[PDB]
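Next up is one chain by itself, shown in structure tokens, the form solved without this ligand.
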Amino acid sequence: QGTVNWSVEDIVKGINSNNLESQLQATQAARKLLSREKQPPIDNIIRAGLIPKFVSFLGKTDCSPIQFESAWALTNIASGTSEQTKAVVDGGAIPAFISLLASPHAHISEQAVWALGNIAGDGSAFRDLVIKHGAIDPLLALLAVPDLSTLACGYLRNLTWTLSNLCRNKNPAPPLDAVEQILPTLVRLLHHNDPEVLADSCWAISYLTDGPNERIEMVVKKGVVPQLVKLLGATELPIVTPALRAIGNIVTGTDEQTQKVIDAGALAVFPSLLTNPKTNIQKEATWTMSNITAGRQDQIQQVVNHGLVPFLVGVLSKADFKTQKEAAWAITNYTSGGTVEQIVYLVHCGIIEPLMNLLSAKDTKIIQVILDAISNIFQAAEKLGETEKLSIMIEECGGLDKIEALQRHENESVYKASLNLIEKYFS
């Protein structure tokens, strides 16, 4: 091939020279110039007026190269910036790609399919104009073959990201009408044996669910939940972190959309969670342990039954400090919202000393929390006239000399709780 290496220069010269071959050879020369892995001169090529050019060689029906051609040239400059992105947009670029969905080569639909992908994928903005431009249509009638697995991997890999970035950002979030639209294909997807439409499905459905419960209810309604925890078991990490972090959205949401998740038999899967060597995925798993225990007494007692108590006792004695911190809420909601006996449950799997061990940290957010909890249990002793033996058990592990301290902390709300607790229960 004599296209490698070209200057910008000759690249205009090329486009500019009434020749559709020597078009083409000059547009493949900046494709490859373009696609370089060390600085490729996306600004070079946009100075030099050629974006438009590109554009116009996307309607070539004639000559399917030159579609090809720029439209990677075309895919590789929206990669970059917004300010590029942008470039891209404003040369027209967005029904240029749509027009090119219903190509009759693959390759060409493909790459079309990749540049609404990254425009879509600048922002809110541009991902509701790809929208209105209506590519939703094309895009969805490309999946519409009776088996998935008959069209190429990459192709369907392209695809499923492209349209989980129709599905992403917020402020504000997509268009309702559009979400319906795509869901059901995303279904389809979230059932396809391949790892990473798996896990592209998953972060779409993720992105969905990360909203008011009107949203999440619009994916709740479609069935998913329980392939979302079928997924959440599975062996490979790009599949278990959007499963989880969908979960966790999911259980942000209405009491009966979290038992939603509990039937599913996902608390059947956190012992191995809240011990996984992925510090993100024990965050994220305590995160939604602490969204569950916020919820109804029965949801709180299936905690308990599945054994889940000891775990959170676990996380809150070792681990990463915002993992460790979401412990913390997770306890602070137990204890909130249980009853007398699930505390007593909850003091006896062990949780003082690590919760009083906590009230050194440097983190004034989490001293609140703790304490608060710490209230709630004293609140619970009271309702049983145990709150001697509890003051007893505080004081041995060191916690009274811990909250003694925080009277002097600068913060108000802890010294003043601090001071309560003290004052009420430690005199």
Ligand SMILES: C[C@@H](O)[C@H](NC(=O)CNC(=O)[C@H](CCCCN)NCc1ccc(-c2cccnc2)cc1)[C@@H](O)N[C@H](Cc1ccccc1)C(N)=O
Second form
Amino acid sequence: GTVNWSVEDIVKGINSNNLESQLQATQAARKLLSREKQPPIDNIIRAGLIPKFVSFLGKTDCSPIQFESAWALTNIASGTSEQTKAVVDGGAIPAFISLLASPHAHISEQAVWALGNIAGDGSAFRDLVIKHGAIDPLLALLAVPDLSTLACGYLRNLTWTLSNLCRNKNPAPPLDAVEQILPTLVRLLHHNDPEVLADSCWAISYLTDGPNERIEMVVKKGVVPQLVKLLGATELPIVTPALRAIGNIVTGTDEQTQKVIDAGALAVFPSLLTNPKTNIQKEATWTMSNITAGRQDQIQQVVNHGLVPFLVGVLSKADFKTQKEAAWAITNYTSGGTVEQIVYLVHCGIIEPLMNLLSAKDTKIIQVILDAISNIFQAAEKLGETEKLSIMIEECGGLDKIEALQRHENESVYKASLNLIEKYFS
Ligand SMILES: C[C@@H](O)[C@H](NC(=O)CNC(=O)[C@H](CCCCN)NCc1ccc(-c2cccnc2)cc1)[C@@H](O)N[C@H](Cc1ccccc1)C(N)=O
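With the form solved without this ligand already on screen, would you show the form deposited with this ligand bound?
Below: every chain and molecule of the assembly, starting with the one above.
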């Protein structure tokens, strides 16, 4: 009986002095805003309905209209940024926080979902939600001895909303709020529900997307072994953020990187570096590029796990963005590796695919490769084997690729390749 109302009818209903008529119009409004094709959010907004919906949130005496208006507002707040703003400007945030305490689960859950949409909109709304004190009652809802006694959908919404409080940058969330949330998050990260695990991983991946101090704050909570385990999951919705998170951690200090290696991450990388999903392969290689920028003993652990041939593989054939990542991994490896580790690199076949990418119409990857070639010559210099390396590069057609770079637009390149020609090619 609340199917297909017009906005004018809804307004008439909501403007009556009759709580039941209001409830009926609100429900009608909810159903409109729920329809799949082009819900008329903006018409609803233009009709001045948000303030009325928000005031309906306070009707403790009429829980069904609390629920319908929460749902209606939620549909609106899950739209665009201006639509979300309209919900925030109607005073929704404290009214939703009050509803977290509702004795009716379906109402509390709706409030959880609404705050998640508002906080997920941007840094400023996220921080406004935190300032209105959302975190304490959100965490209080998860304060049970075993998470398994909570309804599955309920727990998924809470996790999702928690992950939005961790999301976005400029600024990152307040340090205080991260610390408040982190222990619950570590807990959710050990729960056995794929979606809760996915969203927990996303949350950790956001918190580790920053300066080493923020990375530290997560890593000191001991999540890395669990991340590595999730890194080995079969579900792509779990692997993807676990790898993003692991990728962020290895952009940190050598000590933070070492915890990733100690947890056994490198054992998962043969499958990641050959993963059929392009973005996994790409982020796996990025991750390697940060590990090969570590200490020589960390480069050595890459060698020991048999990962150099997989780096040669990615460099040889892959999506171009992934190959760019592999080039970095190589330059970083050659930059910091021992002479013996660089010799090993060449013996694995790095030279030919390295040269084939000198044909890439991209300035940065050329600089990166030319830099790597230079590092390898510097290793050959310490062994007096510069000439043998020269013959190697020449025979796989690499020399012609380098002379052609003499004839190149950018001159950071141009001149790097001429340094190479003069110095190592008669
Ligand atoms: C831009 C650059 O500053 C960010 N990436 C880093 O790895 C930063 N790391 C360092 O500077 C280390 C610290 C040493 C760490 C010690 N363990 N020094 C050696 C080093 C130098 C250069 C590279 C390099 C540069 C460019 C590309 N690939 C690798 C890697 C290591 C950027 O790529 N971030 C991603 C982008 C992305 C994420 C996922 C997929 C695709 C892209 C993101 N936030 O989404």
